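One-letter residues, chain by chain:
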Amino acid sequence: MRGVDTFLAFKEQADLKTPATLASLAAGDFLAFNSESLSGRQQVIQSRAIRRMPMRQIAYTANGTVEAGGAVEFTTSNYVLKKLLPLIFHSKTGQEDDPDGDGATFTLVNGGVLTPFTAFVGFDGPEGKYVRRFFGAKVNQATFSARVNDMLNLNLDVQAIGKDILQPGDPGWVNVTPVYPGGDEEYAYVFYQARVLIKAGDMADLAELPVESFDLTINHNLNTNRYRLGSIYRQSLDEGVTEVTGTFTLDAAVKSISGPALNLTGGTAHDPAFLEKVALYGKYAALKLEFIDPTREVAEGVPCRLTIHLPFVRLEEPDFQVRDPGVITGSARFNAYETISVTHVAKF
Amino acid sequence: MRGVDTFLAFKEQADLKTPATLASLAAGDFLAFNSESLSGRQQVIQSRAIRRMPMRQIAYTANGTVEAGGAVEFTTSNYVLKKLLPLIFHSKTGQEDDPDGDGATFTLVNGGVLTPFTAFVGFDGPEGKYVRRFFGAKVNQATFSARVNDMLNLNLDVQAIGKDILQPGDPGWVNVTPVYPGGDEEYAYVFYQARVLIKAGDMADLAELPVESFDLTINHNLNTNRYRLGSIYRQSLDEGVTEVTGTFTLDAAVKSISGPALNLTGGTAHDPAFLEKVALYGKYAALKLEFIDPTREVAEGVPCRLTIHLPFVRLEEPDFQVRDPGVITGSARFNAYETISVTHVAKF
Amino acid sequence: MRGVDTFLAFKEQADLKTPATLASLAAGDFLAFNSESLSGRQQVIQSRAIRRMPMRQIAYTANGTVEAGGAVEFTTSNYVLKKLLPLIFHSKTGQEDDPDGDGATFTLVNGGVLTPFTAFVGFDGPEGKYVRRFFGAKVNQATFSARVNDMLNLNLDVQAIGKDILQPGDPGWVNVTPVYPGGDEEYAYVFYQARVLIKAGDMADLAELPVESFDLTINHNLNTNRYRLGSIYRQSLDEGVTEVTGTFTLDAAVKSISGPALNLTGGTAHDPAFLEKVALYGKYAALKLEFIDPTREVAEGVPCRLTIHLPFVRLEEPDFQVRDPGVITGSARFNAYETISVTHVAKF
Amino acid sequence: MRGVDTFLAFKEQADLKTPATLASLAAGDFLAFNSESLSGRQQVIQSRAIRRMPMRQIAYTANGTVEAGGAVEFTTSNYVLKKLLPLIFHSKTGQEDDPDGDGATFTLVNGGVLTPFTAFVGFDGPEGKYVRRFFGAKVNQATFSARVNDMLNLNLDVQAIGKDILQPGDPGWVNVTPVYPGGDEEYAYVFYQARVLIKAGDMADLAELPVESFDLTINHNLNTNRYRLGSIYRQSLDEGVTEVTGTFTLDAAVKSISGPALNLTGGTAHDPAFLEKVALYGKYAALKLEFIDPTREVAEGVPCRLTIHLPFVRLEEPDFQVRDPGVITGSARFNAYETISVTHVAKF
Amino acid sequence: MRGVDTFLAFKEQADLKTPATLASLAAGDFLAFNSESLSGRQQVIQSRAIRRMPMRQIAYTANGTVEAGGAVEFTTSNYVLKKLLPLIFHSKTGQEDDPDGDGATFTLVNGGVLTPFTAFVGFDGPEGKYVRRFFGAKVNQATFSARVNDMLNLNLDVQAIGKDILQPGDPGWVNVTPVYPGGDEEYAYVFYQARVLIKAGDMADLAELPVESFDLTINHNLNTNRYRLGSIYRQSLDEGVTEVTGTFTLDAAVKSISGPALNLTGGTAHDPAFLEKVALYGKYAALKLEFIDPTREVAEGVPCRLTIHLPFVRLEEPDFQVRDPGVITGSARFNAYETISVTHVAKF
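Heads up: the sequence lines are chains W, S, Y, R and H, in that order. Take the first sequence: its letters are residues 8 to 355, numbered as in the working numbering. Take the second sequence: its letters are residues 8 to 355, numbered as in the working numbering. Take the third sequence: its letters are residues 8 to 355, numbered as in the working numbering. Take the fourth sequence: its letters are residues 8 to 355, numbered as in the working numbering. Take the fifth sequence: its letters are residues 8 to 355, numbered as in the working numbering.
Just to be clear, a hint being listed does not mean it is correct.
[What the hints assert, rightly or not] Coverage of chain R stretches by chain W, computed from C-beta distances (three or more under 8 Å per stretch; other residues unrestricted):
| no. | region |
| --- | --- |
| 1 | 51-57 |
| 2 | 60-71 |
| 3 | 236-243 |
[Unchecked claim] With the C-beta cut set under 10 Å, the calculated list includes, among others, these residues of chain S facing chain W:
| no. | residue |
| --- | --- |
| 4 | 209 |
| 5 | 254 |
| 6 | 321 |
| 7 | 324 |
The hints are simulated quantities; they were obtained by calculation from the structure and are not laboratory data. We put the beta carbon where it would ideally sit given N, CA and C, even for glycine.
So that you can see chain W by itself, here it is in the shape it has in the complex:
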């Protein structure tokens, strides 16, 4: 088996306890991934009765509860986002390829819930065919990462109810053919399209920051321990409170590339302790991570675009340590507070 012999497919299922059938997979369900580490784990229960025994005996063990899930890395692209953003957020308004050019907005809602899906990890090649199926899956975490000389990456952390294998001859077995978007229809988001804009204090507009990298994790804190007496499986994946944190690396005392000067008073003079003072006075900033593809247009003059709005964010001490006589660089961590909104304008 080689990695190229495997296909990944997500399929939104109706209920958490009813897997999607292998026969329902179609176009848009198959995703190209960088790596997947989904696996199941079962507990082994040993009897506590005292017994003289050199090793552990087969007659006194029982199979305990079952866990499942893992990580999947993606290269955030046209169709990857179309598939996965509905799985990460609670609501969606609009269509990405809308002709007016407003795209689809994904947000968290008060009593919102996550869509459960079935993750298929199918195989093929000289050895034979079989499909790992992870039913009742939910997205526990989602990290957006942007580095230089890289593409926008998305690392999902999935929690499923259970795993099972499917093979030729099984009842629900169907010979699926992975169908993917053409090379011309699909495109990725690259580092040279990224923009990080900040706005704290009495700044009038968002000012662009020269950052070297950025991360953004949406953590849904699923309750992965709801077990029952008559079952070995999880009985739910209840989503807790969503923690939206992140990071970005930049230099100390940086000026803005565009927009107003970084000044907590709205003045024109640059503030060399801007981020340090934002972290030290407990002020709330407004981040905006934006990817724009000008070569591609959704409307007459509307470009394809992925935007992440964080209207209320609290920075931590930016970590501008003097390590050596070079340029002082560091990473500024933050926590998003009130709302998170992802807009995706794209043509498929």
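With chain W's structure known, arrange chains S, Y, R and H on it following the hints.
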């Protein structure tokens, strides 16, 4: 001091509390090792009485209990095994160099106990002569490791009662000369002699697995905390339940090199999810780690051989992650259940 | 032994692990080569056990894993290509000597694999007869080179599983007589038959470039490290992703010999920064390396021909350094992207 | 294109990110060079998503960050120095052609910075006209070399932000005519004008060394890796610490041509281990590389002169190996420590 | 200074840390050499404290640890060997000029050590007198080389503790006069006296090989990094394990000049794949490099002779590449295993 200036010697002592004498060492007691890290440690007790003091004062400290032991690595060889297998297992039946060619079998027995021994780490050279003696030693763990382009390694984890130094002029000092087997009498077990055979489900015979490496730890879980009021030494090293775990690295959806096809039904068709299904259905497999030296014969046609039988083994999710577009490889951990049996056929 | 006393022979074997027999060699298996450097290499394992020793002792060494392979240079000719092109590419459609004059096309296919073969390097003469046999061989790299006042050369880089020697008295020994094509049937491809044509931007047709030389390497990136415990041999030669790079030397600001003018807009005016702009704007060009032999015809009016199509190619900064007051010359490296197609029209 | 068809021009730009216009070039901007190797390089990013593919596909590549720069060799002359010394050093005091005859002194200052410039490499001739423009260029290294039967050479190593091509019809295109100094106004510095003077220990004055050649590199250690998310270009070329090293070849146990005797005590007796003892006792010497043109005078009796003061220098083991029965010769490397000062007295 | 103005002298010192005095040099200490490259090197430590500075400042540097040593080439001769063989090997038995004609045998012993010596490189002539002294020197490597139309060469690689210069007026200065053996007493070993004999498999005696050249390196792997806090000098030169490798160039499928036929079975028929099969089957051969001077006799009929016994040697793939249609020639590398023994029979 250089490593070549040191000798290691194990000497089986009668009782746990009576060290072997330096004068009793003879041929077969001295072993060639890759490395040893045996050391003693004593506790320092501070008085809890309140006292104004900038630092800790000498008058209010006392010496507490004493620990000892460490690790010793060996290149599993002819004589290394002859010496160490009786120290790792509870029973032994037969002689390795028996002319019929059945070798000696080492197993764990119900009320079995471990042999205590004295480990001597002697030194020599320009600096002078002295011997570290670790009395009341027992084997806590023993890991067999086989890599490619390597020899079979054995890492012992020893727990002793105490340490003491011996020097010219001490009462029990004797000038020992390490005596080792000739280069022609002694031989090691190499990677190209190894065979890993499995058998699960309704398979008829053991099928050979192409594995890249394998590990096997026998953990005796000694109770290393039996202390007494009138003594600083451990009062026993009570052996708990023996945990026999292991690992082996191989590719995903591997066929067998020899024997029946890997199929949990005994059929002829190959099963690409064999190990995954074994781990997922909680089935018990039968491992066999075997080293055969055909160039060396114990009887008319019986070759020297080291075999490890694990008739009942439970695999964990084999860890066949799709990390990249190359070959899918992973490590399959397991736990042995009912019995462990090591057979050693060798001529000395 | 003189070079003229040696013969080379490639024999396509069925499986990677089953060498071809010396008795199966026939016409077309024997190839005339410029040079061969195929050799085997075995690892020597030293025991890590500490031992006082001035030098390394025989009793504590073991033979490790085995490598094989090397390079073979050929003068790309009628029969050399007929033999070797099936070994370099995954698919072949048609026959070179087809009467319609379309020749055979060799391309890489998605799940394609390389043909394993056995390379015989036999000897003869006053000393005696013996044959080096390299079984399980695969083509790792293949470089086509064209210089002025030279013939088209082909340098193969071979990776085999192992080597073995055959001599009179061995079981599989047969007295082979190298049989080669007549001097009239065989012909080579010379420098004055070469044509390099390019096409980038909005150019309508392929324009001929006056180049001084060109190279083209097809690198299959075989995985030459799949080793196993119970064996000293490689267990496979898995082919990775094929890297098709190349080079050609030419002058700076060259006009085309024939075809449209070198202009990324399709105009008639010559563009003196054509290749520099192609490299600087990241444009994809279409190369065509073609050898035509008009004196030799396959059909009524179809000449023998070797063509290499590279429909998508990315140039690097052409390296047009001003080194002195003479003509500015340099080498333009490139990487082929989507597909590679070699057509061979030839009569045997 | 021939080398004589090309012109080089340096133009000091105001900011690092604003190229100089082709219309601003005037007299003194065009320099005669021995050779130039300035070029740009862009990174190609491949998507890490797994995909079955024989070669690399166009749809899954992106253009990464951009590098630029290279080397330019000059024959250190009247105007070459006038142009380039301000680009190599941080400060300048005075005018070279000052009538008092003190010339201009170039030194490194504590918080000093390097002047960014735009390097134009224009072309012309039968093929057509186009200009390579390297904006945001800085001098990374500068090596002064003096050999026998040669002229003083200067090899610059330039680091730029990016490259771009200019052609008739572009917006910023202007038909520039290279204007150079007359043959009578311009002159070079030759080997027979050089003087190397040393002074270590308690020597009273500088003593002249008979050296065969000398080199002097000023390395500014620019930080060429400051990249940003929203851009493919370098965001700065921050200059680190300037390393001033060098070399000079001479014989072993050389006497001084003029000045005091080479004696670390200031005595009159010659010291045959002078340089060996300077290197072995870690002493600091004072070098002076001086070129004097007596035929040319700036004031009534002040000759044109290029002087390089290295008041604190540490030699390495002079490398006076006994290679054969001839004269023992070797090269003495050194590192300059506290300051470097270049004085240029010249009339234009 | 000319090479003829220099003298080399080795003087065996008692301890590694006590240099030999210049007054102790006598006859036999002075050696004629082809070339010497012994030199010292001191480390320069820079302070890591951050400081604004254009260049490196004198006040913040310190002198670090000191290295010494280099290479010396000799023409292996009567007295050169008498002096140097005791420095390369651990033991010596007998006298070279013994009247019975058995010479002296030099071997490596288990706990053997190398003799430390002081190397003087003195100078003289018009410039003045001074002596480089390298104390605590040891032989790290020693390569014996024999080419055609050459003399037996010996290249030593020396590691010393430190260097120092001596001059008239120093305390330990003495005016030494190099005293050398007469031209009649001294003689060298030439290529036409060499014999390379091999013996592998079941061969009965040693068979002579027609080789074009041979090399033999004895590498003692000294530990040259034993440094201490309170000192800038190495604290020891601990000798590791001695690696004895070598090479010899010869033709492919060579017959023996004298002795039994090259046949791994002891038969009379010549084996054209002898060395290839020795390398491919991992067999151990027995080399013997012998120089005999029949014109010179130590006893009534015993000739002066230098013999190197390598009773256990492992060849590598002899490198018999078919490069062209001429004679197939190559170099056979090897590693010596168990022991090395050098016998020197000579009259002085």
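Evaluated hints:
Here's how the region 51-57 of chain R fares: 5 of its residues keep a CB closer than 8 Å to some CB of chain W, so the rule of at least three is met and the hint holds. For a cut-off of 8 Å, the count of residues in the region 60-71 of chain R with a CB near a CB of chain W stands at 8, and the three-residue condition holds. For the region 236-243 of chain R, the proposed coverage by chain W is satisfied: 5 residues have a C-beta within less than 8 Å of a C-beta in that chain, meeting the threshold of three. At a threshold of 10 Å, the smallest CB-CB gap from residue 209 of chain S to chain W is about 16 Å, leaving the interface hint violated.
Among the interface hints, the one on residue 254 of chain S is violated; its C-beta lies about 16 Å from the nearest C-beta in chain W, farther than the 10 Å criterion. For residue 321 of chain S, the interface hint holds, the least distance from its beta-carbon to any beta-carbon of chain W being 7 Å, beneath 10 Å. With a least beta-carbon distance of about 5 Å to chain W, the hint placing residue 324 of chain S at the interface is held under the 10 Å criterion.
The structure is inconsistent with the numbered hints 4, 5, although it conforms to all the rest.
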